[PDB]
Amino acid sequence: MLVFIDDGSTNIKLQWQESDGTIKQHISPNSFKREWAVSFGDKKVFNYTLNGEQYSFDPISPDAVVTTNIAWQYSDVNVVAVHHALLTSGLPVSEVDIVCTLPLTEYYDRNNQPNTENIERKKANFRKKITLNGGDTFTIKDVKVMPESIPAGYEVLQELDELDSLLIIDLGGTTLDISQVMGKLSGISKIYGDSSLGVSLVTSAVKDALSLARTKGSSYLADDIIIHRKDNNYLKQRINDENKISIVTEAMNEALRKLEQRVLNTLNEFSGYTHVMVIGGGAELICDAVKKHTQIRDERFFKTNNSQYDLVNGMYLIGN
Amino acid sequence: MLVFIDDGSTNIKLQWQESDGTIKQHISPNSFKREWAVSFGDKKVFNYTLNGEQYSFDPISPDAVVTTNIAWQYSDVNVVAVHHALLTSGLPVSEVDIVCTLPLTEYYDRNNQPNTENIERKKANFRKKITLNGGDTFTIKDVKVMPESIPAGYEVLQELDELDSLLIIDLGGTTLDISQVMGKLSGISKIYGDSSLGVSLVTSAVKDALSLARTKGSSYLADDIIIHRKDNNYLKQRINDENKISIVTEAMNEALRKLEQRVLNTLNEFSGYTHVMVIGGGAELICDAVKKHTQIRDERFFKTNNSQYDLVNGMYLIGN
Amino acid sequence: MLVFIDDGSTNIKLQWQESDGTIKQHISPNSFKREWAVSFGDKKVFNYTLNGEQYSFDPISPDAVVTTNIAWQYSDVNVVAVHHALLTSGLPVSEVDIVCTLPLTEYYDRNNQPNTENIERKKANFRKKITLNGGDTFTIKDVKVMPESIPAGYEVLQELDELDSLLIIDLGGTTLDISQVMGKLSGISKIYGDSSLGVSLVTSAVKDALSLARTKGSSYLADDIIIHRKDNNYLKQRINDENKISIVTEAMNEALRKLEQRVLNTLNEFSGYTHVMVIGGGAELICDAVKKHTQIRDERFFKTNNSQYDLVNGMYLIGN
Numbered sequence: 001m002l003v004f005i006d007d008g009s010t011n012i013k014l015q016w017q018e019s020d021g022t023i024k025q026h027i028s029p030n031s032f033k034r035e036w037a038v039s040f041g042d043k044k045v046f047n048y049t050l051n052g053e054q055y056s057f058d059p060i061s062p063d064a065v066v067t068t069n070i071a072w073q074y075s076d077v078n079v080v081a082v083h084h085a086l087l088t089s090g091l092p093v094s095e096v097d098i099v100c101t102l103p104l105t106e107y108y109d110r111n112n113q114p115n116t117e118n119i120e121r122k123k124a125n126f127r128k129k130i131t132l133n134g135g136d137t138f139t140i141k142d143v144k145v146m147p148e149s150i151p152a153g154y155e156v157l158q159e160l161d162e163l164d165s166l167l168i169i170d171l172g173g174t175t176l177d178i179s180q181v182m183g184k185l186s187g188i189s190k191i192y193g194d195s196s197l198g199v200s201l202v203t204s205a206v207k208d209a210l211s212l213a214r215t216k217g218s219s220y221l222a223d224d225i226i227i228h229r230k231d232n233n234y235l236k237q238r239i240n241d242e243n244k245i246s247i248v249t250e251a252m253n254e255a256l257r258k259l260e261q262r263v264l265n266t267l268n269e270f271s272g273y274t275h276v277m278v279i280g281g282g283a284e285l286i287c288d289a290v291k292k293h294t295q296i297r298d299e300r301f302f303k304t305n306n307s308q309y310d311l312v313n314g315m316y317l318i319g320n
Numbered sequence: 001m002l003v004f005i006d007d008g009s010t011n012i013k014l015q016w017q018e019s020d021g022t023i024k025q026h027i028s029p030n031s032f033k034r035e036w037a038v039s040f041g042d043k044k045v046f047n048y049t050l051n052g053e054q055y056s057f058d059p060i061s062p063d064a065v066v067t068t069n070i071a072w073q074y075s076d077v078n079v080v081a082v083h084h085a086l087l088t089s090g091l092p093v094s095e096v097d098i099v100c101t102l103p104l105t106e107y108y109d110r111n112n113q114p115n116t117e118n119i120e121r122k123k124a125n126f127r128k129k130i131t132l133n134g135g136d137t138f139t140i141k142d143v144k145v146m147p148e149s150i151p152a153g154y155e156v157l158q159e160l161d162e163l164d165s166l167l168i169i170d171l172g173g174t175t176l177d178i179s180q181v182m183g184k185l186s187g188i189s190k191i192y193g194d195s196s197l198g199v200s201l202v203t204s205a206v207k208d209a210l211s212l213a214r215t216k217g218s219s220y221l222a223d224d225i226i227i228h229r230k231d232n233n234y235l236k237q238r239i240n241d242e243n244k245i246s247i248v249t250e251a252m253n254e255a256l257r258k259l260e261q262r263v264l265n266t267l268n269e270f271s272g273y274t275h276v277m278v279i280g281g282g283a284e285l286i287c288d289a290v291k292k293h294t295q296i297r298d299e300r301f302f303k304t305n306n307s308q309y310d311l312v313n314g315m316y317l318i319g320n
Numbered sequence: 001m002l003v004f005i006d007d008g009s010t011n012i013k014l015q016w017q018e019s020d021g022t023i024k025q026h027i028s029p030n031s032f033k034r035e036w037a038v039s040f041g042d043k044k045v046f047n048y049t050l051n052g053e054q055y056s057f058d059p060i061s062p063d064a065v066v067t068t069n070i071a072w073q074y075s076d077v078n079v080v081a082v083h084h085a086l087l088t089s090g091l092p093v094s095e096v097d098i099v100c101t102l103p104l105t106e107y108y109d110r111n112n113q114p115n116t117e118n119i120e121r122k123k124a125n126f127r128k129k130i131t132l133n134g135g136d137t138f139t140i141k142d143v144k145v146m147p148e149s150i151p152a153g154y155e156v157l158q159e160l161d162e163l164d165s166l167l168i169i170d171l172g173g174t175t176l177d178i179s180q181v182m183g184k185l186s187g188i189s190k191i192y193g194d195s196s197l198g199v200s201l202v203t204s205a206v207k208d209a210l211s212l213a214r215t216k217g218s219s220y221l222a223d224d225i226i227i228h229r230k231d232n233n234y235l236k237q238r239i240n241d242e243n244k245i246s247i248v249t250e251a252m253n254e255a256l257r258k259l260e261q262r263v264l265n266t267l268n269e270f271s272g273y274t275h276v277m278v279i280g281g282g283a284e285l286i287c288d289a290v291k292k293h294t295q296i297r298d299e300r301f302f303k304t305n306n307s308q309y310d311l312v313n314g315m316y317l318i319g320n
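Chains as they are written, first to last, in the authors' numbering: chain C, 1 to 320; chain A, 1 to 320; chain B, 1 to 320.
The hints are simulated quantities; they were obtained by calculation from the structure and are not laboratory data.
Fair warning: there could be bad hints in the mix.
[What the hints assert, rightly or not] Okay, derived cross-link-like pairs now, EDC-like style, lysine to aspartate or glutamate, Cα gap no bigger than 16 Å in a straight line:
(1) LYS128/A / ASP224/B
(2) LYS207/B / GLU35/A
(3) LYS129/B / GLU159/C
(4) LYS184/C / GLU117/A
(5) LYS43/A / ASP194/C
(6) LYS44/A / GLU250/C
(7) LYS123/C / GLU106/C
(8) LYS141/C / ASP194/C
(9) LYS129/B / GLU254/C
(10) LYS129/A / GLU260/B
(11) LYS141/C / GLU120/C
(12) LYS123/C / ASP142/C
(13) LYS33/B / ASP142/C
(14) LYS292/B / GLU260/B
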């Protein structure tokens with residue numbers, strides 16, 4: 001069994017192909033604590049032992065998900081989170097070969113060449129043996145690693161000429177990933193990552209202009225205000241105050257301009273691309289500005305955003 | 001193995017003869033960058049090391065080809081571009097003798113004598129040793145150099161009397177090369193080069209009158225408008241506006257007159273020729289004006305334009 | 001008060017004239033972050049508000065200065081960086097008229113005419129109102145814009161004939177700026193910029209041959225090795241190994257040849273100049289090669305490199 005794994009900063013997504021031919025997907029949390037979870041036998045608990053330390057699944061509010069850092073990708077918890085996903089996936093316990101991920105700037109070095117040191121370190125991490133109290137665990141055999149953003153653009157790359165060059169612009173909640181890839185994924189010419197640029201720049205500007213609480217509830221409100229920014233009636237309906245509307249609107253417009261400018265300034269470091277692709281949760285917010293700035297023709301511009309499984313699905317298409 | 005090489009300002013064209021007797025041709029790009037191209041093993045990459053510096057093939061849009069200058073002919077990139085062409089030609093890696101080119105005004109000095117200094121410098125350039133990461137490279141042994149425009153007229157020269165004198169007028173996209181050559185290529189009497197005169201004079205006048213974008217797409221449109229200038233119906237069909245047609249037409253006619261005048265004024269510096277030949281991408285645009293101006297008889301006038309391999313093929317015929 | 005401002009890619013330099021007649025200069029960093037800097041009242045902090053977003057001075061190691069791109073010249077941070085320089089200059093807070101800069105290829109378009117669109121966009125940028133927490137800020141009134149490299153050659157231009165033509169060759173750490181300017185700065189005939197050609201080509205070749213760390217400390221070592229390249233004793237003293245010396249020396253010599261060739265090939269696109277000037281941090285490295293290549297007489301060749309304030313001082317001389 002070959003399982004494709006998107007072990008990102010907020011959760012674990014799996015994709016694999018069953019005996020017949022059906023493609024299955026699964027998502028699991030990244031919430032684990034460094035201690036034994038006790039049960040009086042009333043609720044289900046997962047107690048693990050990895051290198052020496054013990055760990056347990058720590059179920060928390062789907063509203064308090066913690067975003068992890070780069071170092072997390074080489075930790076014990078990373079390994080436990082993957083094994084836990086396999087255990088709750090539905091797959092039968094067994095030996096499995098896997099493909100996991102490393103962030104763009106971790107997979108590649110500043111010379112745009114694959115950083116062998118990091119990749120090998122990622123692979124060695126899954127060699128640690130794991131046990132589960134009260135049951136058995138999967139056994140990870142072969143481990144391959146893929147960079148994060150690029151697989152999401154494979155479907156498009158597949159139809160490009162190897163001499164063609166695709167500029168993949170991936171704007172997320174808190175980060176920006178840009179990479180120039182040769183047609184059919186026949187090579188990489190340049191990679192660029194910014195960890196302080198994302199949709200949050202606009203979201204925080206909105207939360208601040210409304211004095212919204214820190215609750216995730218205000219996050220949804222802010223998300224909605226951004227989504228429906230051009231529909232003044234939607235807003236009047238939401239924010240009850242013509243004055244608040246004006247205030248939130250210009251704070252939002254100001255934040256978006258700064259967003260567009262910062263993204264374009266980074267794009268100014270790339271050159272030689274023939275096709276452009278914009279993806280990520282913030283794709284809608286910069287779509288127009290990049291199209292105008294790159295002056296690329298419509299048949300050479302792509303917006304393949306579909307779902308949260310885009311990445312792992314792309315990984316699947318590449319190495320199924 | 002003897003390989004004939006047209007290492008021009010926009011690409012590299014090769015021609016050689018196989019074991020049996022078949023004549024093969026090849027074209028390769030001039031796009032290389034001064035850095036290591038990284039690959040995660042997904043796409044093909046060519047990483048070279050020449051004098052000390054490293055270089056790599058930089059595949060770019062067949063729409064963004066960069067035209068190189070005279071200095072390029074003596075650079076490291078020139079050498080890398082040739083070795084890269086050999087590597088993708090199909091030829092088996094081995095030692096090879098070659099014949100390359102130098103622009104007309106680089107091959108000859110203002111006294112119409114071969115500029116030994118430049119020629120030797122061109123030859124020494126290919127002495128630099130080159131390595132390719134992950135594979136071996138050809139070894140360049142003997143190097144001969146030929147001037148650019150003149151070989152394209154060899155087939156015609158071959159049938160002229162050594163006492164005859166051929167005036168080769170070669171109008172390209174951005175340059176004009178004129179040379180007076182003794183029959184059978186038994187000597188050169190006069191050379192002349194103009195780097196600011198070419199078909200672009202007419203093409204830019206057309207692009208400007210239509211407000212066409214900088215895209216290569218408008219370049220094709222402009223090329224077509226020039227080609228079909230005498231067919232008003234083709235135009236109406238293309239440019240949808242009777243007023244635009246009139247405007248583009250007179251801008252075009254004005255640009256062509258200026259073109260003809262400037263070319264003729266240069267021809268006024270030549271004398272003593274007995275036969276005339278017009279070649280290059282702009283040959284069709286000045287054919288009539290030169291025939292009328294030189295008053296040469298039809299059996300003494302040639303228009304041997306056939307294809308992009310005219311030059312390298314001529315080089316082949318001369319030294320095969 | 002009129003303040004001349006060199007808001008470049010690595011810092012901000014100011015120059016102005018005081019009440020009496022003394023000329024003062026100032027340099028300030030370009031390091032700012034998109035967030036509020038907190039202080040328990042122990043250290044000084046600068047918290048700004050510009051369009052809507054907030055920003056703060058982010059003091060960092062004088063060893064980790066980040067080089068900015070073209071887009072930066074039209075950003076909010078650009079405006080904040082200028083206001084911050086004014087606030088730390090010593091000047092009294094007040095209304096001020098200013099002159100700022102745009103890179104050569106941003107100030108001029110591919111037709112060598114001033115790009116009005118960019119210039120106006122640069123000017124409008126400084127119209128955004130700014131506030132500082134705990135104090136007041138300068139008020140920017142009139143804004144004029146000047147191209148980057150050309151003002152540094154004004155002192156020389158002043159003594160040339162308007163019919164004379166000066167070729168200004170400005171080689172920097174990572175870029176090459178070339179421009180042909182009519183005497184007394186009475187017009188511009190041609191501009192050329194290359195963003196991938198600079199002294200770094202030689203510096204990186206040296207760092208690589210010594211396996212020097214990424215630290216700025218190795219950068220100084222590499223700079224010194226280049227500066228004293230012709231003094232073998234200085235080197236033996238520095239690099240302790242006769243074998244390392246030979247290795248670094250030929251890598252360096254190879255990198256310099258490639259540098260010279262690439263610069264000359266670009267110079268081959270210019271013509272009609274009567275005087276030549278070589279400036280920038282890499283001026284010493286190409287001085288001889290350009291003099292030999294252009295064959296210009298000594299009284300027509302200038303090397304006015306003096307200091308980091310050359311540019312802003314030239315701006316001052318032009319519009320004081």
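| message | When the structure is checked against the list of hints, which entries are broken? Sort them ascending. | response | Violated: hints 1, 3, 4, 5, 6, 8, 10 and 13.
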